[PDB]
Structures are given as C-alpha cells and as structure tokens.
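I am attaching a structure below and will ask some questions about it afterwards.
Here is subunit A:
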Amino acid sequence: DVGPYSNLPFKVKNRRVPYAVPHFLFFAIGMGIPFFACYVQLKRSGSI
Partner candidate 1 sequence: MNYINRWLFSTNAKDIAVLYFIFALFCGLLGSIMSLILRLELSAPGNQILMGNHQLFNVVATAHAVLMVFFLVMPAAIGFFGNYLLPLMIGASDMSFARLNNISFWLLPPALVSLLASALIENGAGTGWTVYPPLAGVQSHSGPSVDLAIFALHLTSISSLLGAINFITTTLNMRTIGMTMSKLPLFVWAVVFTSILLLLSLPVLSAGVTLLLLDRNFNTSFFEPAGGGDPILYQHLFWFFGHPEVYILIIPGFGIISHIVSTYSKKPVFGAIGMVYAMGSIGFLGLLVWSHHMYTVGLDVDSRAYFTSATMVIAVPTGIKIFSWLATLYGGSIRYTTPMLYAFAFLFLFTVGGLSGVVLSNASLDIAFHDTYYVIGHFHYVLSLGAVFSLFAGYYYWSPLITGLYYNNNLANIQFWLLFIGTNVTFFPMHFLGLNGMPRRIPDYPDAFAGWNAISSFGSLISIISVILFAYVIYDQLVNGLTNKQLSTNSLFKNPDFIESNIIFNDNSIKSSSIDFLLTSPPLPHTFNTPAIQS
Partner candidate 2 sequence: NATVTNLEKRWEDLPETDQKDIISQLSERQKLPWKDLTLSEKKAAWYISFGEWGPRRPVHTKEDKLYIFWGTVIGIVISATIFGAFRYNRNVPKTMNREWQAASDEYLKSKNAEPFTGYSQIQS
Partner candidate 3 sequence: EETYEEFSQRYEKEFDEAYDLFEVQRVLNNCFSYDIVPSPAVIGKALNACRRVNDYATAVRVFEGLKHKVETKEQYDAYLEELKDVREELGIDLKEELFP
Partner candidate 4 sequence: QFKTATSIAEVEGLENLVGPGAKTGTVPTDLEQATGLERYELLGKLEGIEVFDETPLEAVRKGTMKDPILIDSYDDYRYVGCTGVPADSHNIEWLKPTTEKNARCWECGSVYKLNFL
C-alpha cells in the first residue's frame, strides 16, 4: 500500500470525523498547556 498517505501515523482521508478537528486540537492543546501551568501556580499563591 505504498503511496502518498501511507507513511503518516494518522489518517487524513476517508474519515468519519473530519481531519480539521484533530489538526486544530493538537495546536490548541500545545498553545494552551503553558497557560494552565500559570493558572495553577497563580491560584496556588493567593493571586487571582
């Protein structure tokens, strides 16, 4: 099954949930983890 969508760990075509959801969640989680740590350590030290 060698071809253009064979060497990627994830499926991109012929998919139930459209690929935009998995693509967006990846970047959202990546850019939201550094804010969760700040929230935790701000709420652990009295600050809002």
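Remarks
One rule holds for everything that comes next: a contact is a pair of C-beta atoms (placed from the backbone, for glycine too) under 8 Å apart; a residue touches a chain by one contact, two chains touch by 3 or more; residues count from 1.
On the choice of candidates, all candidates are chains of the complex that A comes from, given by their letters.
Picking from 1, 2, 3 or 4, the partner of subunit A by touch in this complex is candidate 1. Interface residues of subunit A facing candidate 1 in the complex, by the touch rule stated above, are 2-4, 6-9, 12, 19-20, 23, 26-27, 30-35, 37-38, 40-42, 44-45, 47-48.
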